[PDB]
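Number of protein chains: 2
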Amino acid sequence: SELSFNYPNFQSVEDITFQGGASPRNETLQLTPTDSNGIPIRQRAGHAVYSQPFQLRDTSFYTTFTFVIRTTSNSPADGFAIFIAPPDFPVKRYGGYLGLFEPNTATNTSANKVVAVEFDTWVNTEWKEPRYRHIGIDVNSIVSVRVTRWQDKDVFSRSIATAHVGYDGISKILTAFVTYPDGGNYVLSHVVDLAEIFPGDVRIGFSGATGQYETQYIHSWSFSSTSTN
Amino acid sequence: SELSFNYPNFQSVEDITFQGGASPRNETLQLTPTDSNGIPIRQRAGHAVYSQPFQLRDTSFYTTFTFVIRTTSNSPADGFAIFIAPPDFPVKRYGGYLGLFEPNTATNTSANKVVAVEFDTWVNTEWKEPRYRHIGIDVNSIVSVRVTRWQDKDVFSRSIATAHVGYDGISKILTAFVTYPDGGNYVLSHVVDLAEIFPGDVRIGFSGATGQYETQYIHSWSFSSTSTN
Ligand SMILES: [Ca+2]
Ligand SMILES: [Ca+2]
Ligand SMILES: [Ca+2]
Ligand SMILES: [Ca+2]
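As they're listed, the protein sequences go chains Y and W.
One gets the numbering used here by counting positions in the first sequence from 1 and adding 1 to each.
One gets the numbering used here by counting positions in the second sequence from 1 and adding 1 to each.
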C-alpha cells in the first residue's frame with residue numbers, strides 16, 4: 002500500500018509510538034535511556050515506530066534516516082536496527098537481542114516474523130556473528146543472512162551518518178546503503194519476499210538496546226511506499 | 002579493486018575525461034552541447050568519465066550523484082545514464098541509443114559489454130520500452146532488464162535530484178535509488194554478476210544524448226569501491 006511520511010527532525014513526535022526505553026529527546030528519537038547523570042542505562046531496549054501500519058503486497062518502498070551513536074567507552078553495546086514487523090510486536094530482549102528477539106527462539110527462523118537492518122556494536126558469542134563490529138540484514142533470526150564489517154573509525158566518529166533502505170517489490174530485493182561524511186560507505190542487498198513473510202499489516206521503526214556505554218539517536222527520517230501494480 | 006573519489010561540485014574536473022559532446026560548464030558536467038544562444042543541439046552524444054580504470058573482481062561499490070535535466074519543451078529527448086564499460090568504450094550513437102549503443106547491435110546482448118542506469122525522457126518505438134518516461138537498469142542492451150515509470154512531475158521539476166547506485170559483490174546485486182526533493186522516490190534492483198561481464202578493467206561515467214530541447218547536467222559525484230575479501 003501507499004504511505005509516506007517525513008520528519009526533518011523530531012521537534013514533533015506526532016505519529017511515533019514509543020515502547021520500552023525509547024523517548025523523544027532534543028528533537029531526536031533516543032532509542033535507549035540515560036540516567037540523571039546522562040549515563041546510558043544497562044540492560045534496556047526501546048522502540049520508536051511509525052504508528053500507522055502499511056501492507057507489503059505489490060509494494061516497493063524507500064526510507065532514509067540520519068543517526069548518531071554516542072559512545073562513552075571503547076566497549077559500547079549493543080547497537081540498533083531499523084525493522085519491519087507486525088503491528089503488535091512488543092519490545093523484546095535487551096542486550097545482543099537488540100530488542101527484536103528472545104533467548105529461546107532468537108536463531109529459529111520459524112519462530113520469528115521480523116526483518117531488520119542492524120548496526121551491531123558488540124560481538125556476541127552466544128550465537129554466530131562476525132568477530133568485528135558489523136552491519137547486517139536479519140531475516141527472522143539474530144544471525145544475519147548478509148553481514149559486512151563496520152569500521153571502527155565510523156562506529157566511533159560521532160558523526161551524523163545516513164542510511165538508505167529500499168525494497169524493490171518486483172525483484173524482491175532489500176538493500177541498505179549506509180554513508181558517513183568523510184568516512185565509510187556500506188552496501189548490502191538480499192533477496193527476500195517480504196510480502197510472503199508478512200501477508201498482512203506491518204509497521205516500520207527502530208529498536209535499540211544496551212548493553213553499556215552507548216546511546217543511539219535518530220535525527221531525521223522519511224519514508225515512501227508505492228504500488229508495483 | 003579499491004578506488005575512491007569525491008566531487009562535491011565540478012569546480013574541479015581534475016580526474017574527469019570528456020568525450021564527444023560533453024564539457025565542463027557552470028561548475029557541472031554538461032553531457033550534451035548547447036549552441037551560442039543556449040539552445041540544445043540535436044543529435045549529439047557525450048560522455049564524462051572518471052579517467053582511471055578499476056577492476057570489479059571481488060568488489061562492492063557505492064556511488065552517488067546529483068543532476069538536473071533542463072527541458073525547453075514538453076517533448077524532450079533522449080536522457081542520460083550512469084554506465085560501466087571497458088576503458089576504451091567510446092561515445093556511441095545519439096538519440097534513443099543514449100550514447101551507449103550502436104543501431105546494428107543495440108538489442109544484441111552478446112555484442113555489448115556495458116551496464117547502465119538510464120534516465121529515459123523519450124519513448125522509443127524502435128525497440129521494446131515502456132509507453133511512458135522511465136528509469137531503468139540496462140545490461141548489454143538498450144532494452145532494460147528492470148524498468149519503472151518516471152513521473153513527469155519529477156522529469157520536469159528542474160530540481161537537483163539525487164541518485165544512489167550500489168553493487169553488492171557478495172549477492173551480485175545492482176541497485177539504484179533515485180530521489181527528488183519534495184518529489185518521487187524510485188527503487189530498482191537486479192541480480193547481475195558484474196565481474197563475469199567485466200573480467201578486466203572498467204571505467205565508470207555518464208552518457209547523455211539528444212534528441213531535442215534537453216540538456217543533462219551532473220552537479221556532484223562521489224564513488225567508493227571496496228574488496229569483498
Ligand atoms: Ca549481529
Ligand atoms: Ca551483537
Ligand atoms: Ca529506455
Ligand atoms: Ca528512449
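Hints are computed from structural coordinates only; laboratory data are not their basis.
Possibly wrong hints are sitting among the right ones.
Chain Y residues, not near chain W, derived (Cβ > 12 Å throughout) [claimed, not checked]:
#1 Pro-87
#2 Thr-106
#3 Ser-160
#4 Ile-198
#5 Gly-201
In silico DSSO-like cross-links for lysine-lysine, where the CA-CA straight-line distance does not exceed 30 Å [as the list claims (entries may be wrong)]:
#6 Y:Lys-114 with Y:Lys-154
#7 Y:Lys-173 with Y:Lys-129
#8 Y:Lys-173 with W:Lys-154
#9 W:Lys-173 with Y:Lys-129
#10 Y:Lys-114 with Y:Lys-129
#11 W:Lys-129 with W:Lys-154
#12 Y:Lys-129 with W:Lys-129
#13 W:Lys-173 with Y:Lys-114
#14 W:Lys-114 with W:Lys-129
#15 W:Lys-154 with Y:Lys-154
#16 Y:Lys-154 with W:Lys-129
#17 W:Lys-173 with Y:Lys-173
#18 W:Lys-173 with W:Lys-114
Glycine included, every Cβ here is placed at the ideal spot set by N, Cα and C.
Non-conforming hints, listed in increasing numerical order: Numbers 6, 12, 15 and 16, in rising order.
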